[PDB]
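*Asks:* Since chain C is already given, all that's left is putting chains B and D with the ligands on it; use the hints.
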Amino acid sequence: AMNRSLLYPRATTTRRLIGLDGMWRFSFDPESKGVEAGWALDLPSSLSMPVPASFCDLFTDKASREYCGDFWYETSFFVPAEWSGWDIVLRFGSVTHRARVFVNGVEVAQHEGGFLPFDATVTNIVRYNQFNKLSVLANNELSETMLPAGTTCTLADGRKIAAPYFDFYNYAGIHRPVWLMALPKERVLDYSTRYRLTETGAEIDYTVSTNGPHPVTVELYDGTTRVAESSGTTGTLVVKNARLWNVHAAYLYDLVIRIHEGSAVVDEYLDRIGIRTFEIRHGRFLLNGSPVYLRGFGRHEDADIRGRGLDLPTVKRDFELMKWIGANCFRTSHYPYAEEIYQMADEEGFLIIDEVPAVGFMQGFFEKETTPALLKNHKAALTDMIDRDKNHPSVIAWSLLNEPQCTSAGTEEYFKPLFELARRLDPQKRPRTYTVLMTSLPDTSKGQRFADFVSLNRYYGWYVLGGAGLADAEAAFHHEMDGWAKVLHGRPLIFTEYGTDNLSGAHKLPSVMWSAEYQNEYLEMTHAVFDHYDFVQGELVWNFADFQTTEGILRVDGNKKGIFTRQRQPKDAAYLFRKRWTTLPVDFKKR
Amino acid sequence: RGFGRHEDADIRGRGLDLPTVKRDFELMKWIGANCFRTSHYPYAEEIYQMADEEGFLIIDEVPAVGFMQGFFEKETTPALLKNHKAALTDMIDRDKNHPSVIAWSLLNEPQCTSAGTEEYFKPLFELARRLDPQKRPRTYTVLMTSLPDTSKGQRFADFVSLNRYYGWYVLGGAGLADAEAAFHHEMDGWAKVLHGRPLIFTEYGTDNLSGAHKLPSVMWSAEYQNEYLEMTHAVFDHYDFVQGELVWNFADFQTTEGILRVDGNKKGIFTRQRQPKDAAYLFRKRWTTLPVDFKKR
Amino acid sequence: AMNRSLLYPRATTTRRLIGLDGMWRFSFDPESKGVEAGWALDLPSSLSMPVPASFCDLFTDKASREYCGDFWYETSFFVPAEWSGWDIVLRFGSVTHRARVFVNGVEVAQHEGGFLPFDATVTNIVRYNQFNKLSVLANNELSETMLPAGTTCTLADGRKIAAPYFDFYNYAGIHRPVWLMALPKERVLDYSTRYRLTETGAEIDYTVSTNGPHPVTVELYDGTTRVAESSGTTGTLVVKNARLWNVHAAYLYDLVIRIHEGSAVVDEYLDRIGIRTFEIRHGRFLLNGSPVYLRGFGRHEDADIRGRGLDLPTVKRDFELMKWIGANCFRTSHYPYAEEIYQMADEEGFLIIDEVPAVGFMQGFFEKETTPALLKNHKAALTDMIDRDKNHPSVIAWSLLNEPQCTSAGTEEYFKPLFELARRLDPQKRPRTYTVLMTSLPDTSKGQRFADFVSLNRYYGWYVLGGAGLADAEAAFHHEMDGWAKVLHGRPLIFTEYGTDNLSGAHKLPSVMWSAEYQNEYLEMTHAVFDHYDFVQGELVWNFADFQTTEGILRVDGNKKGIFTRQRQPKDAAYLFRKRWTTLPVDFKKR
Ligand SMILES: [Mg+2]
Ligand SMILES: [Mg+2]
Ligand SMILES: [Mg+2]
Ligand SMILES: [Mg+2]
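Chains as they are written, first to last, in this note's numbering: chain C, 15 to 605; chain B, 3 to 299; chain D, 15 to 605.
Keep in mind the hints are simulated off the structure, nothing from the lab. Some hints could be false.
[As the list claims (entries may be wrong)] In silico DSS-like links for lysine-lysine, alpha-carbon gap of 30 Å or less:
1. C/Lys443 / C/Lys254
2. D/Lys337 / C/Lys47
3. D/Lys174 / C/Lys337
4. C/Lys593 / D/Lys76
[To be verified] According to the in silico footprint, chain D covers these stretches of chain C (three or more CB under 8 Å from chain D):
5. 28–40
6. 60–71
7. 312–323
8. 334–344
9. 354–367
Positions of the beta carbon are idealized from the N, C-alpha and C atoms, including for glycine.
Chain C extracted, bound-state conformation:
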């Protein structure tokens, strides 16, 4: 509340850190009776459930996989006697979609939104040198006032079912690491950085926010050598001969933030930062003053068995694959990802477009009576995403919506405060975008004028004019691009989705839609369109890997537009992209 902080939890001189991941207890609550019946004190019946994971794909029955409603997680944690006098705080990386947290039966936090972190202060609720009960009442129902948007339906037997307005499966559960922290009562809550390159090195302007009056120092280490230091909650770190963070050539420095009372250290926060500038100038993405042509993926937090659960082996493999294929960029479609993925991007020198879960916004959608409530949740998600992610060198842009009905009346009243908030929140003033639906054209989109660069999701040759008529698709595509050329007025345009479903091993000569041949033919046509226009400055293909969707006749066990399989092996299209992306120079498409 007053001590809100989205800093990644750290063990430091002054902070203790204990992970609570593991096997928890779990119970569905179909009659929504748990609070009144006393389930926060003990679950009457339960089953074992690993945390972090989505719960859905662990079961063998469909009613549990598709369960929609209230469900409970429960575990126990020990608070050492020697933590007395510290603040005792629980961190949830995320709980999907909303959560009420109880410790020893007393409610200590509430959170809305399934993809961003929140804390629960339990200093005066825990018993010291004893075990404590942690109960989480979570809910995964969908509505038109949340991110992501959808509805729920009732089946014949009375079970609730989720009905998303979005393509991906409604995975819920506790997807990210949970932490038990001991923190000084006076502590760092936040910090910000801005970067500037100079003739002899670089400068970092910083702020630090603490919840108290005691002085702050900030130091920057390159290994064991201190390269900069500064007193005060605001200041500048001067880094002579700064080693800059670059695409596929990351360099990170160690940041030490301390609060002092006299000669004692009252709090210490530790992080790693990269020295880099990023901005649009002259219709180009400039990284450290040099243009970068973006190439990479829309992704998902999705894998076999675990749903959206964080899995560091999968994360490592995914980066090894993105390095192998020559990607330099990905978008966090369609929700902020676990912090650990950005940390790895920070180390591997990957560029991230950070996206809030504003997907499914499709009378027009923005005329609904419920729009003010939706906007409130959208602003909160945006605020939390930018506060959590603003110091990652990898994060270079914000995507504020995915495929909204931006031809709807009321679009401008909705977009204007959102894009203003994104400008205000970001000390680095990184470019803002949103991805454009196929039904929003250059001349009808009410939202495109707000974007600092335009992001298109286009499927000319799949959803539109697919099949034997690939050349009709190409001409329709060129037709629309001529429109975008007229409305862009210098702005870069990138593609954030395109591709075709194709199964590993489906070969046909000549091609049919769903075959490897068709995908390769579609990609070659699509890239020829891209390459025709000087303003196209990035291609992010849909999707890095096959991922799970709701059931439907259009979805052959989920979405099959992966460049890799869900098991993280290449499909034939991975070799097309590898040759292209490693052949295109980093500054492809002079403007």
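*Replies:* Chains B and D with the ligands only, in chain C's frame:
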């Protein structure tokens, strides 16, 4: 019990291939089928000759498919009817002496709610009666949008043939029990309009790829297909007037390109290379267990 | 050393516990220069590596996947000031295959064997309220004196390659959770339990081993109710109306072991135990005095991406699948598994045959000059496995070797002390077995007479007499079984391997080897043989899931005898087993 078929195989399109024909009959004997429909066109004579020798029942179908203002109000309808009459005449003249041929299907999924349906159907069903010395029963297959109370064509049929996809095209997915209740709802309507006539199913099924397994099921998996078939057959088995099940389709076959078609149609009980999918074992156990005179009336 | 303890690490009244899993640093050391060059103080170059995982399948290049030799893991851990006076101990669930551990550059532990835990005491090496460097020098080379056995070879360019004598891939790395512990200097090191059923309940005879003189109490809780208590390092817990642990009907009690100095608690250990008896009598496996026909799997610690890394979501899914299919039993082929898998078996009521990595033992193998060294490592592994696992209610038997060349001269001299050790180590005197190679026949096996029950790995109809001649395989199989009937003398026999490689979706009518049809035909024939003989008391099929092997023309991307795919979905054979295993009564095969 049996199949809607196609004259379709790898490489040759609809070309006649006696080895494929022999294999297909060996498969239909193995699975316990006794019947198939020549969807959606008369087949090569050699297939009827083999049915004659293997003791299979054939519903013989003219290529009156794609008839979907209403379709039967078009100015071009008189010309269409002329070609339809000629095809019907030639089909019945060619096939009338096959012992295997026991029924005529005059249209596949026409828009039989269209105005002008009766003016179109009446002379066709009369011609089929006149042409056949054996006066074998006449049918046509009913589109999913033609309901017991709205179909203008069903009253002409000697037995009703339904193409139904409750749980695939309509109410598919986690909601399989909603599909079952909607299906029972429509069947209660058919019970009211049939007036003693047999009803058979001439299409039903789900696309599923060989080897796609998932627990619990998703549409396109072997599990889903088996779950859908068990639900569907429980509906069939509930009604004394359901006197036949011909599933779609004997084998995976080629369609035009589209996002809905994973290299053609994948509702085959066998692959296009003529090997069983998991559903072939469900049908084999069922069809060889049901007595020949199942469903006393 | 003197404080050796294989107890699972626990947070208690007196013990602190901090997990160290996460992203570590990692470096190959192909020239084996790291110790002399100072890598324990810092790795000169490194890459990020998730722990726990095998390292091999994260990379995109084969030289790294197949790397054989020395490799380094490195991380940092913080020791709080307020841990001063506690013992500071690192626990490694496992390091594969051997490890040298350094803290702040000083060597603090050495361990041989890749599948069992070890500790490193670092009390006097760490800096307090500071960060500390943890470096692990690991090695994955194979030899004929280790478990599992193999050799290494040198390729043309000089790279070492592993050449296993075993089928499974030589996954190495840090496969299991790593822990930082604060423990009282006087503490529980071990405890043992034996169970006895009475007319009014049950009795548990216990021992407790501490490294000091202060008194011990032991308590047993059912929820918040204490149901038994006892003073002394030996004693009996009397549990009136004991709720017994049963197959698919587990019941666990909470065990509290405390050391006291006066009225202060100096140490507390916490565990969960199940009250059950298990023994062979009258040629039957008796669980709580009732016979159980064993059905289930040989398994592997194997999954996509992570190699043998522990993954609790995969573990949960695997148990959900084993419950769905009707299994009641599995063998930990071919090495002890992560403790967490036994803990889940304890909760789901599954029976485990616990197996030491004595695989690849195939002049005869037991005439080699190196046999005394091999036996030494085998005894150590056996000792550690039984000490680690003896208190799991799920663990009901010990498998001492997998497919040794037990026709070799010297077999008896090797087997006799091993089976004697297994008897001595186990307070519960659970039955001992080993799995019999296909070339070891009833009349030629020198080892079978040592087994309390015989375990056969048989492939009649796959490796031997496969194809159109399935009926020749059946008669050869009956022929050998008539031999086993003559040598068993009342002992149960179980099958611990059988099956055929078959790809998901490979259908052929009529069957060919590798098709679903063939697998079903082979299983039906095989089970008809099983069902013919009253002494066959268990079937554990090979294998639960497709798993990775070394490359070869016989291995279509690993081993394809899985009843489930590697992604944990059923193949057609899963439905055959589900119908059979849920139809057979629990006490099938009266004797
Ligand atoms: Mg999506
Ligand atoms: Mg400082
Ligand atoms: Mg093996
Ligand atoms: Mg006690």
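*Asks:* Identify every previously stated hint that the structure contradicts and give their numbers, smallest first.
*Replies:* none
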